[PDB]
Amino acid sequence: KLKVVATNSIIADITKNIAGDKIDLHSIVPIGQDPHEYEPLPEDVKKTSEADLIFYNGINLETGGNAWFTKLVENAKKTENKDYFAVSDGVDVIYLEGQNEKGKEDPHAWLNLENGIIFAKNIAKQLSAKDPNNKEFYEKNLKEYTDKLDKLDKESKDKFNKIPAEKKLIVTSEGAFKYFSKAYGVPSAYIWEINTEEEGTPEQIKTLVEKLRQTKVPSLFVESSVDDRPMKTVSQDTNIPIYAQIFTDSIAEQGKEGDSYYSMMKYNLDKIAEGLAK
């Protein structure tokens, strides 16, 4: 079987939906762990050295700061666009502070379904190139999978489009939902920007509180992977309730709600639409 390594659980789950039991798949950053700041373990190092195909997010998710993925593939003597591929190739990239330059790419592309589809297409392309005997199987699975994502995308867009505009704002701790905002037409507000050193200071909290007091946003949200105390303070100061916890960069544990890329996105889109339509 083709040996495949995926850098995190979102990419791994999308790969499973295309490849099924045709491959030997290993994922590095486990479910619920931090895919930006991660230290690969010996099993990760060995699997990556042995891999036929390696899939990563790109757009600075795993290559910024400590650049763990760069170190991993360099020590494994693997080659870009031969052994490893960025599943985000072809996404319409958003840049931190709207400054178009290498290294300022916002990594959170998968939070709109059109990009999840791009991820799936890139995975299918490279699986088919390395394993031509299972090409028609991968293509069949791709068409089914992308139809499922497209259907959810269109339904979610219809829901957000019905919400009164004054109420449409996605408030989270970190500004990690800009791709969601772009696709679904729900502007973002947040406590701290991506790659902010100090997260949840009194000054950041006050700044957001004062912005929100001038809106009619009915609900706030909080990421399941962050310390919720800054968002709880914002909720207290604005009297706007936190409606739900939402996923950012991981699927849920196996058997739980949101335990696939599809289920994760369905949960997020449905909860954000619900919370805002109240």
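Residue numbers count along the first chain shown, from 1. Only the largest set of C-alpha atoms that superpose within 1.5 Å between the two forms is called the rigid core. Compared with the form deposited in another entry:
- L220 is the only residue from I59, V29, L220, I251 whose Cα shifts by 2 Å or more between these two forms, the rigid core being superposed.
- After superposition on the rigid core, displacement of the C-alpha of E203 between these two forms amounts to 2 Å or more.
- Core-superposed comparison between these two forms: the C-alpha position of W192 differs by no less than 2 Å.
- Superposition on the rigid core between these two forms places the CA atom of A165 2 Å or more away from its counterpart.
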Given for the second form:
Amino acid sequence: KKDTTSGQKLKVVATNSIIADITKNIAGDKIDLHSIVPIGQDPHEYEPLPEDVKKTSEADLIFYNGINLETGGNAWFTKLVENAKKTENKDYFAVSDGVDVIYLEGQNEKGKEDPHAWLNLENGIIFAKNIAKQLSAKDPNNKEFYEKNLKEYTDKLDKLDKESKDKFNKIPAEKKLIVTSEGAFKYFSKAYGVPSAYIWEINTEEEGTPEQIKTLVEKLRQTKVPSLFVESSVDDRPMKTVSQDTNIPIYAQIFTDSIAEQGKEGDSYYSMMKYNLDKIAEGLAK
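Okay, that's the form deposited in one PDB entry, but what's the structure of the form deposited in another entry?
Since only the chain itself is given, any partners or molecules it might have are not part of what comes next.
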């Protein structure tokens, strides 16, 4: 589509820092990249700022999660691309295309998917493949470079994934449960064999009401779970109350919907996943 050598770098927009980071690993300095949702902020419901609107409108390529991630705020991503006059599978692409979808509990229809596919490293590899292919389709002069970066990156994710299938077999069955504010661990639970439980299933619902806290506390009181976890991108008040009512300490802050701030541990898709795996493993062995 574009002969970037005879003009500007490809202009790329990613909806959140996880997709942006994977993108940076594939494209390097070949592109101009803008990420919309700030590090540490919820990507489910976001209100685009003037710079997001400008960059999205000037973009050659737009990557979003798809599978019911950016749909809060009465479909914020949908309104953004409508306003920027961009077309699906021409200008903007879901990087989850090709993952095996898991839906919200008791649901199975389109638009009711659980969006947290990247917490399974096999799906992070699928995100990178979609990104590299769409980068190469739009900027064919840099295809060998994107492909070389893709192979090195998926090899690195693949080694971490294989090695991480050994992580939780030592945890006693009564300790074996990941607890987070949002129910964002469905793909991770399936991939790494560790059940998960939450305060609220997906960020677009209610914010950690007293009923939701009480429901998790009562479930937790029937277990031997030694640690709780709190995500970097949600209010930690709900989990602190759960922690206080159950007497179970919050072992660590983890990463779900955002990478960590630049320079801190977890500041990339790879390192947030590596971090998550180790801290959950330590936390559940307490």
